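A protein chain is absent from this complex, but the other protein chains hold their places.
The first chain written gets the first letter, and so on, giving A and B; residue counts start at 1 in each chain.
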Amino acid sequence: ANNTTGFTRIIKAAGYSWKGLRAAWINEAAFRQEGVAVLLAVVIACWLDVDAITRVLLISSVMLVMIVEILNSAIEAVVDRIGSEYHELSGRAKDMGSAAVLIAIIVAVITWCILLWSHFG
Amino acid sequence: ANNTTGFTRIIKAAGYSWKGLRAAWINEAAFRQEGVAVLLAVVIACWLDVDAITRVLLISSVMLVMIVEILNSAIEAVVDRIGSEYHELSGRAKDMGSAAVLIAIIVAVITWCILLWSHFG
Partner (left out) sequence: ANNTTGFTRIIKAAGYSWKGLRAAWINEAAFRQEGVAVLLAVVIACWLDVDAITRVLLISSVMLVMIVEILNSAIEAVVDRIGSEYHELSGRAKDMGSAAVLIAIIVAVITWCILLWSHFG
């Protein structure tokens, strides 16, 4: 029996399968990406986040295009393979609150905080 | 005939119906909420609003999740109970302009204002 000392690495090395994972980003996880990040991007953001928010502009701008690309994806998605998440159950009504819950604690607070700065800054 | 001096308060008091309104927020108005606020949030904003916009970051970030929760709501909504607003009539084409109208006066202005600050700041 091949104790497999490292012969697999040679075969896999010549297969450069790693490349498959690189393309998978936009050629598969392209959807899960926008989500997976929001997780990794939050871990650090929580630690500390106080930039000029400039990043948002770039997003806000390109985001305009997204509504034409992404929305053109969702709109067609339901018509395409339609495979929404399995979590679906708490009705569509709560779906909105489900998000407002996490931020409810944040917004209600930060919302009044920033709004207050409006008085002077 | 019971002149109802305050017996109703006792019955209603033991019913704590008020709680029903609290949950209704996310357990009913969860959708109308995102809208109702935009009204109350605008009344004050108009009075004065000049923060660091930091609030947006929190929104922009969580907003990424929304596209996964909300969009997963709308996409399924049309498939669920489908009950769009009754205002629907001015075609879907104008629907876009209908918004651009209110801001048309704002953007066309503020858009050139902020863009101008790009020259120096």
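Here is the rule we go by: contacts are C-beta pairs under 8 Å (C-beta built on N, C-alpha and C of every residue); 3 or more make two chains touch, one makes a residue touch a chain.
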Among B:23, B:38 or B:48, the residue in touch with the chain that has been omitted: B:38
Contact residue for the chain not shown (choose from A:52, A:105, A:108 or A:109): A:52
Contact footprint on chain B, counting only the chain that is left out: 34-35, 37-38, 41-42, 45, 49-53, 55-56, 59-60, 70, 74-75, 77-78, 84-85, 88, 92-104, 106-107, 110-111, 114-115, 117-119, 121
On chain A, residues whose C-beta touches the chain left out of the figure: 25-28, 30-31, 33-34, 41, 44-45, 48-62, 64-81
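Note that in this section only the chains that are shown with their structure count from here on.
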Centre distance in Å when chain A and chain B are each reduced to the mean of their C-alpha atoms: 23
